[PDB]
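Peer 1: What follows is each chain in one-letter form.
There are 4 protein chains.
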Amino acid sequence: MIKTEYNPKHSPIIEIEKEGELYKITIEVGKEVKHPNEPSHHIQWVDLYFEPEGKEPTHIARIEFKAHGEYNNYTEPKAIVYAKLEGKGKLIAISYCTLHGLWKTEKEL
Amino acid sequence: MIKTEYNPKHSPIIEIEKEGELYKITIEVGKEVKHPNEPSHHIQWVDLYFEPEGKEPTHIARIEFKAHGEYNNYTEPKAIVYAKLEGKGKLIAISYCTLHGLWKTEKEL
Amino acid sequence: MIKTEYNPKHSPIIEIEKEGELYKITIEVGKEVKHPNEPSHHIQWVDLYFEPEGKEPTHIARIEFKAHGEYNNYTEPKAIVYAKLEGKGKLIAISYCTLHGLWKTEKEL
Amino acid sequence: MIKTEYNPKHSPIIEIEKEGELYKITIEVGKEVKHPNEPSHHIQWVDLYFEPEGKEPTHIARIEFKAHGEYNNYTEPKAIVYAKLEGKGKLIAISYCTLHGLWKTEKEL
Ligand SMILES: [Fe+3]
Ligand SMILES: [Fe+3]
Ligand SMILES: [Fe+3]
Ligand SMILES: [Fe+3]
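Chains as they are written, first to last, in PDB author numbering: chain D, 1 to 109; chain A, 1 to 109; chain B, 1 to 109; chain C, 1 to 109.
Just chain D, with the same shape it has in the complex:
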């Protein structure tokens, strides 16, 4: 169901920067190879989870990329969110393409 193998067009790449108490978490799908952004083929959303070591995954953010050509407006599948996270663990990003399903990426915090 969820594809874990890396894919330049579909894999949601996670970058982590610690700014004081906040984690600055960048998620981008198609960073190096641009994914199409068309009404019938686009990256629709990304979910961000934090799974602290020894605990359940906690939903951190849900980002919907809503524009795909309406009046020539396009939302690129890239977002920056901010969270206070306690302890060590791994971030989990899940993204959805309207034709090619779901893709997952994990990155150690």
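Keep in mind that the hints were calculated from the coordinates and are not lab data. Do not take every clue at face value.
Heads up, the list lumps identical chains together, so a pair's fine if it works in one copy or across two of them.
[Stated by the list, open to error] Derived BS3-like pairs (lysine-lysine); straight-line CA-CA distance at most 25 Å: (1) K107 / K55; (2) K24 / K84; (3) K34 / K55; (4) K18 / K31; (5) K88 / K9; (6) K55 / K104; (7) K55 / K90; (8) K84 / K34; (9) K107 / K3; (10) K9 / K84; (11) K9 / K55; (12) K34 / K104; (13) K55 / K18; (14) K90 / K31; (15) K90 / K18.
With chain D fixed as given, assemble chains A, B and C with the ligands onto it according to the hints.
Peer 2: Frame of chain D; chains A, B and C with the ligands shown alone:
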């Protein structure tokens, strides 16, 4: 229903930076006075629209801030999204607080 | 921004049924005249609020209708949700069409 | 990450009814044993996918249960959605509890 009056704790502040073809759009609620982030009182989400002059508002992004204390994890009400926007108009941010309703901010593009 | 006038194709019609402690709340967009459900033109979501008399609007449900032709699958803009609501007030439904903007309907509880 | 084992409190139970061209799809979490609905412990959302045999999973609906005590209002983790689905396959429901992670249920169409 929607409050348009400015409020330091609840108004979603919009910042715009043009990066190539993309508008880099930062939205933060409680920028100068931090809003509480508690299970029973928090900023839950922000909707971002672009209304080109003379046209209908186009939904650009929907961001849900999902963590509000679960395992001491907190999602800050701040997000950066990226969009291709055609023509002139105004951006519209709508944010929701679980106790004080909905708040709107407009910014000319 | 939000259109309040009734429209057979876009207005989210609210029906309310009381079942014990629960309100069974049906929302349908395009009840009498079906709205197109196409990649470039469809009803994307509906938000349901409850505004008790003299209080702030409380967000009750958010429903995203996600399929609009992918592999000939279509999500109809109709949903039934269930809530316990305290006191008297009105339900408020807001729906979004990817071409014709936002539409609002109110119904007294 | 996703829990597939049956659990009376957390598993999103799927029911399917064919009404003309439409599948009437009911999803309820905590059907036989009620799950807590509290600010710090509640069922937040359910995602519904359709995976036609030999194809990728198509996102059908996303339902957020938004009220968990705000002004004594509670959204129950139960929703009914409607979709036109082509061919045979299986429905996939994924639900999220703010403390006990993600839970999955599949049902043959
Ligand atoms: Fe794709
Ligand atoms: Fe507030
Ligand atoms: Fe329309
Ligand atoms: Fe639980």
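Peer 1: Are the hints correct? Go through all of them and say.
Peer 2: To see whether the hints hold, each was checked on the structure:
1. In the homo-oligomer, the alpha carbons of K107 and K55 lie at most 25 Å apart inside one protomer (16 Å), although the nearest pairing across protomers, at 28 Å, exceeds that limit.
2. Taking the shortest alpha-carbon separations for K24 and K84, both the intra-copy value of 9 Å and the inter-copy value of 23 Å come in at or below 25 Å.
3. Taking the shortest alpha-carbon separations for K34 and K55, only the inter-copy value of 23 Å comes in at or below 25 Å, while the best intra-copy value is 35 Å.
4. Both within a single protomer and between protomers do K18 and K31 lie at most 25 Å apart by alpha-carbon distance, with minima of 21 Å and 18 Å respectively.
5. In this homomeric assembly, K88 and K9 never come within 25 Å of each other (Cα to Cα): the closest approach is 29 Å inside a single copy and 29 Å across copies.
6. Proximity of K55 to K104 under the C-alpha cut-off of 25 Å is found in both arrangements, the shortest distances being 19 Å within a copy and 18 Å between copies.
7. Taking the shortest Cα distances, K55 and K90 sit within 25 Å of each other inside one copy (11 Å), while across copies they are farther apart (30 Å).
8. Proximity of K84 and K34 under a CA criterion of 25 Å is satisfied inter-copy only: 14 Å between copies versus 30 Å inside one chain copy.
9. With identical chains, the CA atoms of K107 and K3 are at most 25 Å apart both within one copy (15 Å) and between copies (20 Å).
10. With identical chains, the CA atoms of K9 and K84 are at most 25 Å apart between copies only, with a shortest distance of 19 Å across copies and 29 Å within one.
11. With identical chains, the CA atoms of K9 and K55 are at most 25 Å apart between copies only, with a shortest distance of 19 Å across copies and 31 Å within one.
12. Taking CA atoms no more than 25 Å apart as the test, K34 paired with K104 passes inside one copy only; the shortest distance there is 17 Å, against 31 Å between copies.
13. In this assembly of identical chains, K55 and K18 lie within 25 Å of each other by CA distance solely inside one copy; the values are 21 Å within and 39 Å between copies.
14. Taking the shortest alpha-carbon separations for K90 and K31, only the intra-copy value of 20 Å comes in at or below 25 Å, while the best inter-copy value is 28 Å.
15. Taking the shortest alpha-carbon separations for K90 and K18, only the intra-copy value of 14 Å comes in at or below 25 Å, while the best inter-copy value is 32 Å.
Hint compliance for this structure: hint 5 alone is broken.
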